[PDB]
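Novice: Chain by chain, the residues:
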Amino acid sequence: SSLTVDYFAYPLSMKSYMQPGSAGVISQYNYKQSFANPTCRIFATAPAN
Amino acid sequence: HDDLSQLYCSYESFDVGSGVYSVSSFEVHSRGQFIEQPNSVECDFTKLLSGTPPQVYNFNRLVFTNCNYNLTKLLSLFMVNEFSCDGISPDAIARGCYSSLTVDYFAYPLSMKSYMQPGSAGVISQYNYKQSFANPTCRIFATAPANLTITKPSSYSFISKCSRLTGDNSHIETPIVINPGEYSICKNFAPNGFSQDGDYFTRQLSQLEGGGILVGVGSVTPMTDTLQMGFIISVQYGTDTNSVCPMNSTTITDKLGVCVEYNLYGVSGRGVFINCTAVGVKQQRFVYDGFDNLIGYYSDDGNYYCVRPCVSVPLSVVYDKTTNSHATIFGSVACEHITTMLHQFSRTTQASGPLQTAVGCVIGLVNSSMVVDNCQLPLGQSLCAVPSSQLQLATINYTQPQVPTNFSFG
Amino acid sequence: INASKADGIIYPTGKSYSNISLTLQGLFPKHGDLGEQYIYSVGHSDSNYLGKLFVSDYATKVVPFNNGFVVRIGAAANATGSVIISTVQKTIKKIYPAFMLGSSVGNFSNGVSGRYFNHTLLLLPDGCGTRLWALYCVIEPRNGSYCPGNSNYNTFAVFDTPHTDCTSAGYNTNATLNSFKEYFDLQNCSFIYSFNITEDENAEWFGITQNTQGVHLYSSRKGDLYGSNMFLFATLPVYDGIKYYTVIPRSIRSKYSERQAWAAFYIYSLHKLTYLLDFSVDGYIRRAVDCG
Amino acid sequence: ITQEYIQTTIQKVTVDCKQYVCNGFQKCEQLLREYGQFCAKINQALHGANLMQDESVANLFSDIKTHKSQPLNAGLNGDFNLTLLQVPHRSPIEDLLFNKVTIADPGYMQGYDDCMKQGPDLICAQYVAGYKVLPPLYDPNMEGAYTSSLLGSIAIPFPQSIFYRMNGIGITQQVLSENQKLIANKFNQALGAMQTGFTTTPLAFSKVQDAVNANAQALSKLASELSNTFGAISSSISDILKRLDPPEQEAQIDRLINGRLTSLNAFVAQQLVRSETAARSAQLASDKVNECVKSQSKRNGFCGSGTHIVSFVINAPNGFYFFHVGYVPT
Amino acid sequence: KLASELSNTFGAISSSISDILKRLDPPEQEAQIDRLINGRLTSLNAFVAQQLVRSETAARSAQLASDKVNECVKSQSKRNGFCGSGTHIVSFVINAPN
Amino acid sequence: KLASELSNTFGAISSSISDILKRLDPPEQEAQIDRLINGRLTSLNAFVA
Ligand SMILES: *[C@@H]1O[C@H](CO)[C@@H](O[C@@H]2O[C@H](CO)[C@@H](O[C@@H]3O[C@H](CO)[C@@H](O)[C@H](O)[C@@H]3O)[C@H](O)[C@H]2NC(C)=O)[C@H](O)[C@H]1NC(C)=O
Ligand SMILES: *[C@@H]1O[C@H](CO)[C@@H](O[C@@H]2O[C@H](CO)[C@@H](O)[C@H](O)[C@H]2NC(C)=O)[C@H](O)[C@H]1NC(C)=O
Ligand SMILES: *[C@@H]1O[C@H](CO)[C@@H](O[C@@H]2O[C@H](CO)[C@@H](O)[C@H](O)[C@H]2NC(C)=O)[C@H](O)[C@H]1NC(C)=O
Ligand SMILES: CCCCC/C=C\C/C=C\CCCCCCCC(=O)O
Ligand SMILES: CCCCC/C=C\C/C=C\CCCCCCCC(=O)O
Ligand SMILES: *[C@@H]1O[C@H](CO)[C@@H](O)[C@H](O)[C@H]1NC(C)=O
Ligand SMILES: *[C@@H]1O[C@H](CO)[C@@H](O)[C@H](O)[C@H]1NC(C)=O
Ligand SMILES: *[C@@H]1O[C@H](CO)[C@@H](O)[C@H](O)[C@H]1NC(C)=O
Ligand SMILES: *[C@@H]1O[C@H](CO)[C@@H](O)[C@H](O)[C@H]1NC(C)=O
Ligand SMILES: *[C@@H]1O[C@H](CO)[C@@H](O)[C@H](O)[C@H]1NC(C)=O
Ligand SMILES: *[C@@H]1O[C@H](CO)[C@@H](O)[C@H](O)[C@H]1NC(C)=O
Ligand SMILES: *[C@@H]1O[C@H](CO)[C@@H](O)[C@H](O)[C@H]1NC(C)=O
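Protein chains in written order, with full-length UniProt numbering: chain A, 443 to 491; chain B, 345 to 591, 596 to 699, 709 to 745, 751 to 763, 777 to 785; chain C, 51 to 98, 101 to 344; chain D, 786 to 873, 882 to 913, 918 to 951, 965 to 1140; chain E, 1031 to 1128; chain F, 1031 to 1079.
Treat the hints as calculated values from the structure; they're not laboratory data. The reader is advised that the hints may include incorrect statements.
[Unchecked claim] Taking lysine-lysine and the BS3-like style, the derived pairs with C-alpha atoms no more than 25 angstroms apart in a straight line are: (1) E:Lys1098 x D:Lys1098; (2) D:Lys1031 x F:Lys1031; (3) D:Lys1104 x E:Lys1108; (4) E:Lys1031 x D:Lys1031; (5) D:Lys1052 x A:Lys474.
[Unchecked claim] Label pairs and their in silico Cβ distance ranges: (6) F:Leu1051 x D:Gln1027: 33 to 43 angstroms; (7) C:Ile89 x B:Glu517: 38 to 48 angstroms; (8) B:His373 x C:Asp252: 46 to 56 angstroms; (9) E:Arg1084 x D:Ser1016: 25 to 35 angstroms; (10) B:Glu517 x C:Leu84: 34 to 44 angstroms.
Even for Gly, the Cβ is constructed at its ideal location relative to N, Cα and C.
In isolation and in its complexed conformation, chain A is listed as follows:
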């Protein structure tokens, strides 16, 4: 019925701060993932130039 995408520049070294049980500053002040809908978090590399 709908598709909602949140995208942002994000290093792959800080990838574990996006896990749902994290206690770091990313889950507290930057972005917390919501699980009210079937959701998926994708870490990717942008196309080069």
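Based on the hints, put chains B, C, D, E and F with the ligands in the right spot on chain A.
Specialist: Showing chains B, C, D, E and F with the ligands alone in chain A's frame:
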């Protein structure tokens, strides 16, 4: 909104039969806080934060009890790679309190993360470290701070083989595998780290030991640019009176017999605190029952408090469909508890009057002291509700006082 | 061991129960277990001058630690008993056991058993019965004379001299520790712990277990005094797995005129058993059932 | 005198499904939003069972109407001593039966306040687990009236009807007339022997205790099934909320929800079959009253051993207790 | 009850197998479908037990109905209260829905 | 019924505890034995009723 609206929503129909229905009870909100926290000493993390970390087979263990620590500082120091947790989450560790905290830390390359997975068949789970899952645990891999007191060792090393030779020719090979959470017998060959990739060690075991020949081989991985560390943490909850809390105290004397939210020396929950006669051992701060629930508490003011769970007032609704009049029964509750205490119910219930019957307090029934033989809305204990403008509270009574004269067929 | 008297029961930590009976799994002694009886004697003193040390073979024997052990201390006190070295009826006093626990054992230069290697846990009572020492040091034998570094070694023992250190002027805090230091050298001590003990003639229960949190020390002195329930009073940071323990023979150097009778303490092994513990209104366990 | 107990009523229990499953937690209630129809079905089934039970009890006790009795005298009517079965609103034998049976008292008037004030039972577990025990249809002062009217239903006073019932079984008028005093004293000893009959080794008292224990076992199962973890990390939603993360929290709370809903369904089925059995037993008790008590039965073994003479019925904790006076040669 | 128990999710993402198959990977599809299978099998077992109890009760009540017919319909009953109130004259039986 | 309910898997990889201990790691062993435990307890409760 009101009673008989919950009845309509529960039956999912705008028409229901006339009768007495037990609708859902109310929601209980905490009317205060009971915080009782001591002035604890900072936990000693200086061994972790100063000095060279050891290798995986010679890991250091830190056990914290009855202390307060700062999690934000420790999380800011370490650059955390992937973590895996089973019975807990890191946010739950940063949120609540627990009886003990056991941390195992070592120097561990980030390229060997898969060898610490629970189903691993490599040499790390066999001779170096095996995670134990008796308690809720987290397995954390992180990068140490660069310019701080933590210093890089020479290299990463681990035990590649650890076996016993026997059979009167040193030809029978039997590997010696470690237990979860325990050290290795072959860790005494090079406790500070192996020097070469193919270091071969031999030792004769005594008679009180297995009695064979101990053979131990250790591999060496080159040290990376930054020091990478592994952490195997664990928590316990109901094993100590004092708790470990990551980084105000109120009194329960003004609020007794009311549902409050308590945080008593790390034990958190909700309940009703009343004065009680002192039972159980005093030096154990908490009294439990057969189902491991808090039933008592020894406070700092020298008063034993009996702890009860927060209760909801039961509700029953009388309904008459023909006259569209309804009544409300509070089952086995006195009217003084409706008026004075609580006063949190449905909207119109919070706003004839409250009458005390043999089945509890009722609102919406006018007392008329009338007597009927039977009715369609019994309330229990020989009580009844008879519709008229509104329902009237009645009672059921018995009446007890033939030569055949006229024919009659029944 | 009589489970109907709740003998050797370690109380649960962090909580208590009142007027209810529970089944629990923990570390309890087996019902009807005779255990091992250890007797501490008085040294040879023919004239009212000291002499040799009268000990037993406790130091040579090495016992597996397994899940721990529980010690019954001073159950024969307030009773007329014989001095071990002689036949003299005296009132029995209470003596505290001395332990040596480690993870690896071998031989001395003689070839006799003993010689705990690397870090060794020592539980030495001191204060003439009013202090407990907990040490975690590397044990290194001293050479020369009867010390275990020269080739005539017989046994090692801990001695006390009551007319020097049990006097009313003061109590020597380092009596048994200095007696122990004459046999071995203490190097690389991880911790030294001191616990104060009140002087009384009451029967005591002592327990010691080990898990991932360290070595746990239990005593009936803390909590259920005038009873048998044991409560935790210390958690030593000994994380290497203890495999063996040895009862250190403790012989007192007392004169012929001032001899004394000392109780025999009993050590019972702990097992992973299920027990039905009966908690009273005051919370202490007064009777129990060993389901096995 | 042989003693027979026939059950007529079980305890009426209604369960608040939301309070039982979730214990007032917002996350559990949000997860239970998808299971509201099952909770509604549980409440509707239990309400229907309790309603049918109330209708059966009313039909059983509707025998006061269209039924005439006669007043009786004090404890001695004729030469027969009837003070044990007569009200001074319960008879002394009814009080003796009720004191020897251990029943946990359900407070119907102010039991909630009593359990709130209490410090160190299942009646107080009612409000912490989420179930409510409904009061019975009739106050005991109506059951006592029913039993007293049945005692009255034996013009033609009690000794004359007793001698008529003895004359009907095969004893002539002369043998009854010359031994009236012996019959009266033997009846008095038979009535006085009822004091020692309230013992576990008689069957009927064991059946009374079995009914009380069955009600207590139903309440105990309902209370103690809340401690099942159902594979979760804990049986308490508070521990799950304090120990886990939002995506993993719903899995454990849903496991608890499914286990508690299945247990509630099993409890509902058990209550339904227990209520049907109690209704059939109440019909059996009404037939037994109509045959043994209101008249004399000529069939052997139905109203006790020997030859049936007269039967007396009194109230019980969950039914009727019968005292079948019989004839036995010796 | 038998028809409405098919709407129970039993902890799955949906109570429909078609919604499970269109939303998930096979290693999770098998898990969700196994959840649904176990729930429906347990509910069917409960239904079977309830039907057995109900049918035994109906058989016993049918035997009681036959006894009542033989006592009150084909003959006059001298027993008090078995067939109606007061004394018994005659009885008539008709069919009912069950 | 009592004998044949012991062959149900209740969603586990096997109905045998020996097979579970043979094929699985302890964190999944404790998760898969618990399903068998809960299913057999529920079946025993139904048998008791
Ligand atoms: C050996 O004899 C001594 C004699 O003193 C015994 O010590 C005494 O033991 C009794 C045991 O009941 C103690 O009484 C208790 O005192 C406390 C505190 O006053 C009180 O709360 C209790 O209710 C109880 O009355 C007594 O205090 C204690 N006295 C001393 C000086 O320790 C000892 O138990 C005997 N030991 C053996 C193994 O027989
Ligand atoms: C836990 O540690 C953090 C970081 O060391 C502390 O936060 C610092 O507090 C000082 C004093 O208020 C400030 O000058 C810093 O700017 C803070 N740094 C950060 C990153 O916030 C925090 O105060 C400590 N917690 C407690 C309870 O003392
Ligand atoms: C300790 O527990 C016992 C048993 O649970 C309690 O004894 C009961 O007391 C009540 C009230 O007097 C009686 O109705 C029961 O018959 C007793 N049961 C038994 C088995 O004796 C005793 O009161 C409790 N003591 C407390 C709470 O101080
Ligand atoms: C990584 C530093 C660990 C230092 C060891 C000391 C204490 C650890 C104990 C408890 C906190 C758990 C932190 C889990 C990792 C954070 C992951 C994240 O927030 O994404
Ligand atoms: C990648 C190694 C070679 C795999 C292919 C060869 C043979 C297949 C047979 C058995 C594989 C069992 C080990 C599986 C991986 C172990 C990983 C670890 O222990 O952490
Ligand atoms: C233990 O002691 C032995 C010899 O006593 C020594 O070789 C070994 O290195 C020691 N192990 C350590 C210190 O970890
Ligand atoms: C230690 O001494 C015992 C007893 O003499 C002997 O059996 C054993 O072989 C010795 N072990 C070593 C390693 O010397
Ligand atoms: C609570 O009870 C104790 C003991 O019964 C009593 O000493 C104390 O005064 C009481 N406190 C209050 C506030 O009632
Ligand atoms: C109703 O009123 C009568 C007389 O005023 C009184 O006797 C009776 O107790 C009242 N009923 C209630 C429930 O208060
Ligand atoms: C154990 O203690 C009970 C009660 O103290 C006692 O009756 C019993 O005899 C004791 N057992 C033995 C073997 O003496
Ligand atoms: C033991 O006694 C000494 C001397 O009085 C005292 O300084 C010390 O604090 C005591 N130890 C404890 C743990 O109380
Ligand atoms: C009838 O019995 C009671 C006790 O059951 C006794 O007190 C009373 O005296 C008896 N009546 C006569 C007339 O003896």
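Novice: Could you run down the list of hints and mark each one as holding or not?
Specialist: Structure-based check of each hint:
| no. | hint | result |
| --- | --- | --- |
| 1 | E:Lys1098 x D:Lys1098 | holds, 16 angstroms |
| 2 | D:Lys1031 x F:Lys1031 | holds, 24 angstroms |
| 3 | D:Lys1104 x E:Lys1108 | holds, 14 angstroms |
| 4 | E:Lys1031 x D:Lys1031 | holds, 24 angstroms |
| 5 | D:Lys1052 x A:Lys474 | holds, 18 angstroms |
| 6 | F:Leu1051 x D:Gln1027: 33 to 43 angstroms | holds, 36 angstroms |
| 7 | C:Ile89 x B:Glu517: 38 to 48 angstroms | holds, 47 angstroms |
| 8 | B:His373 x C:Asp252: 46 to 56 angstroms | holds, 53 angstroms |
| 9 | E:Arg1084 x D:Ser1016: 25 to 35 angstroms | holds, 30 angstroms |
| 10 | B:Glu517 x C:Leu84: 34 to 44 angstroms | holds, 42 angstroms |
Hint check: no violations occur; every hint is consistent with the structure.
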